[PDB]
Amino acid sequence: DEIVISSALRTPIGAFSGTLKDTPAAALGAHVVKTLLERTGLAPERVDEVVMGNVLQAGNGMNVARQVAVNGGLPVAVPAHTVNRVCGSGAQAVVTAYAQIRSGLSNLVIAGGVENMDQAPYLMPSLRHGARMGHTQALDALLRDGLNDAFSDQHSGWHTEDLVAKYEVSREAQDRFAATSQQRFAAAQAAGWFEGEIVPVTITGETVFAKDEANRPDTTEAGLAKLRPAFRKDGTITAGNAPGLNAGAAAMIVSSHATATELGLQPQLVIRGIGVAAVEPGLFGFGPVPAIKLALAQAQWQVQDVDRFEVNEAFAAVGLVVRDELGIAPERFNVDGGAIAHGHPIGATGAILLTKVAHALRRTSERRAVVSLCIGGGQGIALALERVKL
Amino acid sequence: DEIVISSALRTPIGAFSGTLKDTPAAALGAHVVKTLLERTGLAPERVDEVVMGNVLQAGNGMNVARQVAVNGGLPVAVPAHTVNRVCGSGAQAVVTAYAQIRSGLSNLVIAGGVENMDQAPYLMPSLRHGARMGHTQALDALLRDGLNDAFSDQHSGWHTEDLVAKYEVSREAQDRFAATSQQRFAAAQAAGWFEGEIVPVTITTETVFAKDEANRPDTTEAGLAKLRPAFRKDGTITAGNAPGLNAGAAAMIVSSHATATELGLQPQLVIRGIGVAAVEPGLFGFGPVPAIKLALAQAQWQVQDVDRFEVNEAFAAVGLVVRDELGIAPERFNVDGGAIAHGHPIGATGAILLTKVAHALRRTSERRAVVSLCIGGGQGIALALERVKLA
Amino acid sequence: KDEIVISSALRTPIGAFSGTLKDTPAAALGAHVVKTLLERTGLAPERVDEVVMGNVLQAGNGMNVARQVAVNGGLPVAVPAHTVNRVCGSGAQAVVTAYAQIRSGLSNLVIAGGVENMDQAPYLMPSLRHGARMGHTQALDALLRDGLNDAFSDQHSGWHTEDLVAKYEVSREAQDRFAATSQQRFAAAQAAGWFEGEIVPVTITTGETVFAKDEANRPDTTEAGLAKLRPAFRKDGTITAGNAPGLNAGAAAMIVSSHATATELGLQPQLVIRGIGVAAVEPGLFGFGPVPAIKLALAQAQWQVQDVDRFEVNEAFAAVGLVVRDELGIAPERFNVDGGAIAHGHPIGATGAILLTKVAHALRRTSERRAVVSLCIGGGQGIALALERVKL
Amino acid sequence: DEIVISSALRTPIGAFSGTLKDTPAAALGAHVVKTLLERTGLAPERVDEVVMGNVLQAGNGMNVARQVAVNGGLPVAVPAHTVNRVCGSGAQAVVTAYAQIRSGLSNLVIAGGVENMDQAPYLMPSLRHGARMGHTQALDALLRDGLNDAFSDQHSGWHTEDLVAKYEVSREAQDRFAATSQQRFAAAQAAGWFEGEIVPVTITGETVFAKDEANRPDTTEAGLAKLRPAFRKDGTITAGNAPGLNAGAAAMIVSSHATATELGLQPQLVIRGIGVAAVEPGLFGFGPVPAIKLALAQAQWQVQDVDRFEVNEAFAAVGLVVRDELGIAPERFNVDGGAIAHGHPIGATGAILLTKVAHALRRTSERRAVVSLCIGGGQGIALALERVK
Ligand SMILES: C=CC#CC#C/C=C/C[C@@H](O)[C@@H](O)CCCCC(=O)O
Ligand SMILES: C=CC#CC#C/C=C/C[C@@H](O)[C@@H](O)CCCCC(=O)O
Ligand SMILES: C=CC#CC#C/C=C/C[C@@H](O)[C@@H](O)CCCCC(=O)O
Ligand SMILES: C=CC#CC#C/C=C/C[C@@H](O)[C@@H](O)CCCCC(=O)O
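Chains as they are written, first to last, in PDB author numbering: chain D, 4 to 207, 211 to 396; chain C, 4 to 208, 212 to 397; chain A, 3 to 208, 211 to 396; chain B, 4 to 207, 211 to 395.
Where hints are given, some of them may not hold.
[What the hints assert, rightly or not] With the C-beta cut set under 10 Å, the calculated list includes, among others, these residues of chain C facing chain D: (1) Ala72; (2) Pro82; (3) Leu269; (4) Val285; (5) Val295.
[Said to hold, decoys possible] Not everything, but these chain A residues come out facing chain D in the computed CB check (under 7 Å): (6) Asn110; (7) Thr139; (8) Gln140; (9) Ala141; (10) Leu142; (11) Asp143; (12) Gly241.
[What the hints assert, rightly or not] Pairwise CB distance ranges, derived in the manner of DEER restraints: (13) D:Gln140 - A:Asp311: 51 to 59 Å; (14) C:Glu5 - D:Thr213: 51 to 59 Å; (15) D:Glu48 - C:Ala193: 30 to 38 Å; (16) D:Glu331 - A:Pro235: 52 to 60 Å; (17) D:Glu48 - A:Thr207: 20 to 28 Å; (18) B:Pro203 - A:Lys169: 53 to 61 Å; (19) D:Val309 - C:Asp311: 48 to 56 Å; (20) D:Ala216 - C:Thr205: 27 to 35 Å; (21) D:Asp25 - B:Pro203: 56 to 64 Å; (22) D:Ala216 - C:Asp156: 29 to 37 Å.
Since the hints were derived computationally from the structure, they do not count as laboratory data.
Here a beta-carbon is modelled for each residue, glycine too, at the ideal position from N, C-alpha and C.
Just need the whole structure built from these sequences, with the hints factored in.
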């Protein structure tokens, strides 16, 4: 009755206005699901549900998860639903799957997340019943539904300056963390460490998109020191110590260990612990701390027991606060780099981080990992994960 | 370890361009949650999660469920997430809660759904990177993300004409079903049968909105026969045998029976069975049939054992196909009327139907009910529900 | 006999903002006036050399509003047409344009007027062609961007008029008195039937409604009620929704020709154009524009202010009426005698043609001999015509 | 009492999404007016009026002509108004000036036209009072207010296929006319023949925009034969035998000959005749024919007396129909190329064609020219023009 992750796969991550700008989030997910089914040879009839994270659902059409399922080639008999816990959404899909299997509602779920920030439409709140007289606003949905706090209407980056102030996170420390994320990601990418987990996407000439494109390998802390604050005049957060506005998808099979063995799957990770926590919306970057403590308590693990922490780099400041609050060794925190380098396709990111850890533990023979994401609105999600031997 | 529903409550349902047109879906949910907490006296710290259904999330701001939780007065320590299984979303929130409790992730969840179709914005897909030259479309989000099939871009009502054709559902039968829904709802409303489940909403313009406003009590099958088809030239589906574009919210506590007793709650329903099924998108109206069979199989019930079926009236045609395919007695199908009368606020409707059944079984002493909804894209959700006696 | 005359001046009633004409394009209002003008005059359509129409909010009205007015008005496709824009002066400019075409030998007979429908002005999306890229973007109300906001400052005409108020020491109390008097004079004139002769009713299909009476006026207006209103354009201002006109819709048109041409074709001339003035001033003091324009028109006519029976000066704001009246020393009883735009409305591009129409009919009724029509113009201009009644 | 054109000047013409895409039409006009005043040394107080053509007025702000005048450095005492006779607008501004001078309203007018088709906004007709339910359209103003017929809502190019059908204008003839326009324009441009009339524009790095950019010198009849019809499935009109969606401005001084001499101006052209005509909207391409006949009748000229015709290339098909109906020698029709090559910035084009002819007659010592434009909605405008020594 161990719940395991099998066949975790992801697209490469697109840059803002980059290679995936014309490819809907649901099409990215459908491509990963189609590929997962063809590579595993899993009988499509054994899929009980598709669960997908997606934050910017505006204009994506009815129920993104059902589009991912049907356009991914699954039989129309497979149900599907879409979950939204903001940046946690792609990890939430896997927690949702775990709950459905443990509760007896499902035996096997395809879970993941999708996002395409270019494909987020503009919103016209006054178009239905009229603006009447005077200028009116068209809202960028990626700000209104994705990155701005629902209570303040301030950017997540504006709020994170209060986390920076509270934990005395220097500009210099943020830029060092960001430069290190770029350097670690570039070295891992050059070593071929992401080839196994990436499903190339054909863009119609045809272009094969096979490599993460959002990263800047030549980044130095000295170069980052030159950038202007992006969110407050006297701020520390810049375009260089924050991730971009990215596109991508990831998906994986969630089942009991027995079900995976029965159907000839090769489990990658066992879910040993799950944590979901919430904090003040204004201090959302702290969310992973209580979430990780809950996941570690379920797994009966100490911080010192964990080979690697994979914590989303929503901002360098959030990575530093979570790492230092929990006393995690810098060499065991975002070992192969994070979202500052590869990008943060909101609803997909949690599924991407699970995918990275599945493949990294197999490569390194590391035994124990934690995946965690901070969540706009003041939440955190964490999974404690153990490598399954072949 | 029985999973029970306590303190199910709902707003009245707003008409399109009606009383709730300026009240965001998240504010409707927050109002229900705030009221549920004050009436139950439930310690807010005992709420482990808020799960809310919402289909038209466009322009509602970051994570509707978290807005419902925080604006409902729950501590910032209570996590929240939003689910979307289209018309099933408000029932899905309760299934999600059940799964979290049975799997040990949660002990007590506030679950429900919210929708406001007036508040759905228009979408401009070409505004980010430009239309360049030539006219461009601004899409109505309630069609693009709610009512149009994602595969065909045809209205759910257009697709339902193929269900009508396949099951030979006459225009006359659809209009009789619709007139009966209006008549049953009007009589139940006049008897005061919805007063207990409704939390009035104060609209500052202040006026108190306390009564469902979308229904048409004077409806007759003869009157409905005069209406033009809404979705196809040779169609049977009209504005009169389909629900409106409505607004509302509903929420309830989901917990083990033991947890409910421990915290001084009065359980209304025990969840005896859950069914989630999927079919051809083009025949989505059939979805409740396999879903109901799954829920009844988990409950070890036969159709004839059930006191009332509460099946969403997405169209009169869908109600008739589901009722007649399962051989349900017409007097036990949507007993107090359905969405044709009271409205279909998409993401809230499943939570509203659970709320109606919770209060109807208490009033009637009926023991066994099924709530089911068809789902755009070809799905169905069903819960088999048993009345819990007063302690 | 080579004197230039106005014949058969006619107008629609003026619609309120979000009122009876909200679904009727400006070009359709003009077409309706032209159709009626042709049937009442019996003018052979082939004798029309050109149609000139004022229109300020051209956005979304389709190619060349004047040509739509002409063709939809039932004129042969052989009749040329063009649209002029001198903002609030546009409807009077069309008549000056006609005068210049006739005096220069380009035309013998012109149908001139103006059209506007402020409800029908669309919103503009400047960022939709090439994209907003990231972050919120503005949809502009065209009636502000192209009609009422100054092109240099982007401030409302009403914001700028507060500087005219300061310079000419125009009290809030004086503005509210002027506004109350405009409402009272217009309501009395309307009730007496004094606008029935000049108005062409419009049938609106909804059932059908016959729109036959100006609807934008507020006869119950009091100085006490006006004193309670908040300043509309500056927090410590004097200009309010009550001492300014609305956002209105309407059309007017008339025949311009030599007196000899009018007689030849069996038309009944109403007015002789005795003088024309077009002037410009500081954009921020545009309300003063009529003063130099009126002086130019009076100089051409060889008239003194005291020779003029009535001044018809557009009430863009009560403040503008007061400045023009008091600067020229005009008797209050001879200034906007039958009320003005504060009461009946200001359908921008039509207003100048409406004021010429009002004066044509008022001089006939009263046997007054001499009038001046003048309008202030956003961007700092003024237009004026000195007009003499033609005897029958 | 001869009415003359002096100091005709223009910007280079921008391509669609090209160098002028961020520069408002009124700013292009202001730049030409500022340069005209510096070069002539004309006392700004001697300008009685500014008249500007502009067709896509949507979003340009209150009264484009007044913005051109004030931003061009004219005193606030100079009145200004904007005219719209669609593609004829830039020539109409000069006719308007002529009428104001002959009627005694004005002694000296700055007249011209401005257009920037990139800068034309999208329109939302349903945003004021609401779309209520169901998808709604955002209209491209350049189609709604500029290029689509107001009666049919069909593109001018769609209507011109009926002119093509009526006059049996072959695809091959249209592509030959278009290739010849490109070849003639490229050769004239390379010879420096447009340098005198062009006022360069600096766009902020900086771009110094000094040369027309919309033309395609490598155009061949063989290449044009490969293009798909743009307006009808079995049509003849393509992106290659029609002009683009362009930006530019032109302006000139209009006055009596005596006034020009008095103020030390150098007259370029005398207006000898003016024609304004109208036809069935769908066959608007024919409009120049009756308009040219009116202008020639006022000038007491025959077609054979005219050294060059400058007729707007709204479509190759329109140029061919006008040329062949009037029996004009192909070597005397759009001699230095036309809008297919250099572009058609709607409201400016008529003023641009007057500017081209002013400078071409000075260079060639040709005596007599006609400028004419077809006009959407079924109109035509023509001026008969004589070189001043
Ligand atoms: C749900 C928790 C969260 C979050 C987040 C985040 C951070 C996004 C970074 C962005 O705001 C900007 O830095 C992107 C700058 C865009 C630069 C560009 O134009 O591509
Ligand atoms: C997710 C499954 C589903 C569904 C559904 C549905 C039915 C919606 C009915 C409405 O589309 C129609 O009644 C149109 C409403 C007309 C009201 C109006 O025009 O104001
Ligand atoms: C060309 C020169 C000029 C001018 C002018 C003007 C009009 C000012 C009044 C308007 O701006 C506003 O008061 C209209 C108020 C609208 C309120 C409403 O109808 O809801
Ligand atoms: C007022 C009379 C007229 C006219 C006209 C015209 C012709 C317009 C040509 C354009 O429609 C064509 O260039 C098609 C536009 C191609 C757009 C592009 O460059 O992508």
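Each hint tested on the structure:
1. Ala72: C:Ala72 check passes; min Cβ-Cβ to chain D is 8 Å, inside 10 Å.
2. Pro82: Cβ of C:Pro82 sits 4 Å from chain D, so the hint holds.
3. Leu269: 20 Å, violated
4. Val285: With a closest approach of 6 Å, the C:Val285 hint holds.
5. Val295: Check failed: Cβ of C:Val295 comes no nearer than 13 Å to chain D, outside 10 Å.
6. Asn110: 43 Å, violated
7. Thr139: Hint holds; A:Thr139 Cβ to chain D Cβ min 5 Å, cut 7 Å.
8. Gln140: 5 Å, holds
9. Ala141: With a closest approach of 5 Å, the A:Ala141 hint holds.
10. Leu142: Since chain D brings a Cβ to about 5 Å from A:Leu142, closer than 7 Å, the hint holds.
11. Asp143: 5 Å, holds
12. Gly241: 17 Å, violated
13. D:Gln140 - A:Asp311: 51 to 59 Å: 55 Å, holds
14. C:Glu5 - D:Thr213: 51 to 59 Å: 56 Å, holds
15. D:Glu48 - C:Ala193: 30 to 38 Å: Violated: the Cβ-Cβ distance is about 50 Å, outside 30 to 38 Å.
16. D:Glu331 - A:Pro235: 52 to 60 Å: Distance hint for D:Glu331, A:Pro235 holds at roughly 54 Å.
17. D:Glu48 - A:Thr207: 20 to 28 Å: 59 Å, violated
18. B:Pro203 - A:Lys169: 53 to 61 Å: Violated - the Cβ-Cβ distance for B:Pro203 and A:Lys169, about 42 Å, lies outside 53 to 61 Å.
19. D:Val309 - C:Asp311: 48 to 56 Å: Taking Cβ atoms as reference, D:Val309 and C:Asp311 lie about 54 Å apart, which means the hint holds.
20. D:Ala216 - C:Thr205: 27 to 35 Å: 57 Å, violated
21. D:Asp25 - B:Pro203: 56 to 64 Å: Given range 56 to 64 Å: violated, Cβ gap about 38 Å.
22. D:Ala216 - C:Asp156: 29 to 37 Å: 32 Å, holds
This entry does not satisfy hints 3, 5, 6, 12, 15, 17, 18, 20 and 21, going by the numbered hints stated previously.
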